[PDB]
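Next up: just one chain, as structure tokens, the form deposited without the ligand.
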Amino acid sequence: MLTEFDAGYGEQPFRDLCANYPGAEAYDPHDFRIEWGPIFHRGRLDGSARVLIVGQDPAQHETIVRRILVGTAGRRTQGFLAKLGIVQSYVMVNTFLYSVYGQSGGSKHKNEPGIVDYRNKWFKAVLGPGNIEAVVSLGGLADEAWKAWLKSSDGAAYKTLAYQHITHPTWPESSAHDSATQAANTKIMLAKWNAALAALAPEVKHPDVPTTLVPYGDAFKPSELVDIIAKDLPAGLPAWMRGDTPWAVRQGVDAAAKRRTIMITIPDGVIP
């Protein structure tokens, strides 16, 4: 009857970071959903993380849970980590503190000093303890974020840290609306993911569970979509929030209404 949870940001330097975060002066209020407040991380901040995941930006599930990579992209990422024998020893930060508002917002503000400097303080803080053995970026903007970090003074020390850029987990669904094209692109993505795993496996010297590498097939199997663990969520969050069924969506009759609303629906079967 013992359930774990993420206590959060009480320790330094994370406490000062979360109390002094960038707002509209760095993140444009039209081009970013700053109205939901920042979402900072997911995973270990106690120094026990072995893998750093760099994602892009949060969406509506993250906005409720208050931790990043908690939707479909998150369960695919968890499963990626599982293939390396990593079940809890990771830490995750995003390129952006806030959701990008718009189709291909870019990359339009990736060069904002206020944005990059604050993100670099987080890199600095999570890499600080010196236990991270591998870095994985999800998508191009994350890949650029990591490379820009390496060119900074504090980042110079991490040029030799094992690193893989991999295709963004939801890329197949965003590349086409057609089912057949989604499947074809998924096969392509997983082939590239297999190569990344092969390069990273020998550098993850301290896995949580010693594991022999089992490659992805052409489609995701159910076992490779792994629920986010309780230890990652704030105290008291119900188990279905870290389950396998979608439960939040933006809702509105037009663009402006839709920007203002999230609807949360408990999956069927939880309530008796």
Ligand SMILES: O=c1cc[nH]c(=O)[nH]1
The other form holds:
Number of protein chains: 2
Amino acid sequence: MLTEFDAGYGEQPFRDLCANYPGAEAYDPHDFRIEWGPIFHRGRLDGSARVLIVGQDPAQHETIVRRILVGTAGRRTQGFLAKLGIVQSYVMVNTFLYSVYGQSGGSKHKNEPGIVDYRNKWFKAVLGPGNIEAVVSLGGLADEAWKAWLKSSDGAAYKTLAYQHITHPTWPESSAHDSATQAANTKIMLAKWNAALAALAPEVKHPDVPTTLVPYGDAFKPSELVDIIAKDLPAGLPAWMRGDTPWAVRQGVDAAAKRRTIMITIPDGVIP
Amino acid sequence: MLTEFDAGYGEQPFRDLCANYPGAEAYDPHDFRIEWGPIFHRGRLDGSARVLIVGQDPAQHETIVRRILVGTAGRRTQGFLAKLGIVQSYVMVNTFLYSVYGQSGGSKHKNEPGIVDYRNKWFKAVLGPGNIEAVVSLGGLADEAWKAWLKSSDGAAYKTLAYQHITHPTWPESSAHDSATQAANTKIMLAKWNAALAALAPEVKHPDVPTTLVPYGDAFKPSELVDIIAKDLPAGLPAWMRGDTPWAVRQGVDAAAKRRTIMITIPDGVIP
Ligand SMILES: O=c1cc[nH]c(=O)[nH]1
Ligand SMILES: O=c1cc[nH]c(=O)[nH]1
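Right, the form deposited without the ligand is done; let's see the coordinates for the form deposited with the ligand bound.
To see the whole picture, the full complex is given below, headed by that same chain.
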């Protein structure tokens, strides 16, 4: 009928934010992939947001879509929020603007003023209206990011919020090699996720659709992997860039080659 | 004082346009690369527009920047407009939303009833404010596109509008293989261009900068290759995305793979 899209960052305070973002003076160019520029958010900036997701750092798919959480992690997160009856009314700022280069990480820089101060201005901007009913952090650094926000002047008012530390969507796969232990560490992730949902269900009193909580099983049921909605992607992008199939990856013979190149690859079935 | 960027298409009437665009029902999926989405424009949509550029079709350098004419062609067009003394005050629009898949030139469909009307839907919108001081078409289908606009109801008001059809900026390289023949067709494009500049310059009464008209020589002065300005690119996009060096190309072993894939590689010098 009509196809929805995220107009982007026209309205203040987001215009100045996207107009005045930090570079090498804050993010170390070797430890952070600043070469790809910053990806700022995913979701609503009009106030209709009820849940805030605090993620960790972008990847190759985010680098093309220019929105965060549009890969596997985001697709698992979508379903997580889908269980809360939340289908679009969300906001998702990543901790770090740029991706960590290695597991060396931003954790070497998690308390750097350049990173924290800027991130907090975004926190303040999305929470200002005060329509956020819950907060869900993805992983450890997201947690300390949310905590570091709360110990600040502007953050103190949000200590009563419904924050919830969550394990990082892809811990299973980055923690493990065999697929047995990965599934084993998937079962433990879903368990902790269920705990968080049980904790958050009562506090989200404005869902997009009223839905009674259906807990995760031992593994990811496909119904619980929801494609990113069109309203999240900028004008024109194709629906294969928000689908169930991977379409972006870094390529190179050595670590240097991989850092400079990305390959976009359209899934089979789009072209006749 | 910092970097700029294109908010996107959030103010009407452009958002509804970007929300209701034509797809396979208008652009033939075999002849057009509908697979990458439509790219809508480049430049100003706030009324500051002075020149309308009607280009032909997007390329790889337009599938990423999401803006049209951001490669060699755009950089030549950029240099062209600099001579009219306008450095930002422009609007750029293509004949086709999607790129042509082949050498034919997507002419077989140059008269569709879904392709043409939409292009005109944009024309009416960009001309609506009535501050457009000049029109420049790039190549044959660009030329025929402007004429097709003029033969319509809403277009009738613009037959008096200063218009110059010029050779498509990449005519030299798409014609021949030898450096010499490309070198031979060097002033044949400029000289023909100089006339259009001579013809429009007096009618471009509101430039961004008072500028002395300098006709083209026989070849492209490096100064006549102007990098695309930041305000044209969406928020966050790295400045290597709009530099003097190419950074995107199609790759594959057969024709099918090549249509599905795109390699982006960052130029040397971005990463220390
Ligand atoms: O943006 C992203 C992408 C993957 N994982 C995250 O935590 N954030
Ligand atoms: O946008 C573009 C890019 C290349 N050539 C064109 O005609 N238009």
